[PDB]
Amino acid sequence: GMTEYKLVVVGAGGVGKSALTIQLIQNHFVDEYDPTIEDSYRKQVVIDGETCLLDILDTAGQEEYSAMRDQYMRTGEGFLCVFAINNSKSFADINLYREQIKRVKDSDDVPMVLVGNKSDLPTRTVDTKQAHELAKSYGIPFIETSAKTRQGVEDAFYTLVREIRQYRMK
């Protein structure tokens, strides 16, 4: 068969979790997408010559209980912590999502990537230096993305897979 990589996309509402996931899977930018819908996506891809399966959960952060969500949070191999560069509250939210991940995984060290989405916008409230500093303090990579222009979308998910690969080394 093929190696599976279970990825979970987390972050504040409206950062672009769905738009980044739909861009990667379906090669389309959603101008509007139901903020309450939480779906899983499977995509066969080639990363550094490895034919592999991506099993991605696009979380919605809803109160409603979900057996599938519980599974992905506990068995998730890598997490994409997404914030919007024009939403300071979402950047501050990252540390909560990291604490939530640490809780659901029962681990201080989880493969994860910091994603600074909406890089296409000319007005920023979170600069690249602030974002790099946060990622450096966690010891994780930082990828600037735009679901609209496709900039860094593939890079964000592939770098996360590369982070999981690093943990699988011994």
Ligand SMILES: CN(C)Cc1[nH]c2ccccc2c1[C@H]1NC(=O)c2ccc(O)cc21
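Positions refer to the first chain, counted from 1. Under this definition, the rigid core comprises the largest set of C-alpha atoms superposing within 1.5 Å between the forms. What changes on going to the form solved in complex with the ligand:
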Second form
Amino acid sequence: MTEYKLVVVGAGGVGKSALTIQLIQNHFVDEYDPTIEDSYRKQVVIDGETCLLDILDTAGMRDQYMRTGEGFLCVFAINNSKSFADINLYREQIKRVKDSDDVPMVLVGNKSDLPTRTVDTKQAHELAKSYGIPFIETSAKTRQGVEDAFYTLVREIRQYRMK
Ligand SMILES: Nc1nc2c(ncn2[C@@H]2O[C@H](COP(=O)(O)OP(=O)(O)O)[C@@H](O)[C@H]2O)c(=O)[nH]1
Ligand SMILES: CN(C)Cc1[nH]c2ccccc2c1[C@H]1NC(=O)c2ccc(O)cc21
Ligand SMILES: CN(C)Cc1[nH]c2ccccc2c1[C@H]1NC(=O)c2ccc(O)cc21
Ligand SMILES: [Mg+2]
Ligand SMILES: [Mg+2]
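Output block for the form solved in complex with the ligand, input the form solved without the ligand:
Whole complex next, starting from this chain.
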């Protein structure tokens, strides 16, 4: 089967662990150790293709997992303006490490269930447009958009390999 190495990046507290646990274990984790960096495997069928996902949940970071990673979920929280601005730091570090401007990535606006929005969908669509990448809103709490974010990332890696 086809293997895909995904990296979940973003500021502390955006929901990287909650998003990873929601996809892997189908449950919402309200308090996961913020310093723990782990990897998870999941066998899934995406567009009729049996895939093995090797997902790294980062805890922030180093050029090494950026070298290994084939696709990046760049996560910010819709109630945290600083986490949205932090996206560019990850983008630029990934770009330098990979020596490329077309690295598979998806911009994720997590905590979409929260009414305390400080990042508008237009700000985020403008950011995603500038990078030339998809923008997906998610809620690791309700599961809304979780599969769409991770599977769009797989589809992006598949497209990149295909050219
Ligand atoms: N309301 C809401 N809370 C979330 C969501 N995702 C994560 N959280 C909470 O945000 C906090 C930080 O999440 P965590 O997954 O540890 O973030 P990380 O540091 O990026 O891994 C925890 O208290 C989570 O329960 C979400 O989509 N909605
Ligand atoms: C059973 N198939 C339906 C699987 C499937 N679903 C897709 C959806 C979008 C794009 C391609 C595909 C493929 C394959 N067809 C390809 O050209 C290709 C290239 C690399 C792969 O890893 C997989 C595929
Ligand atoms: C090999 N897999 C079973 C684990 C795993 N899954 C990944 C998905 C995307 C990117 C990297 C990885 C890795 C590791 N390979 C690394 O280079 C690295 C650096 C730091 C880590 O914490 C983990 C890894
Ligand atoms: Mg975490
Ligand atoms: Mg403002």
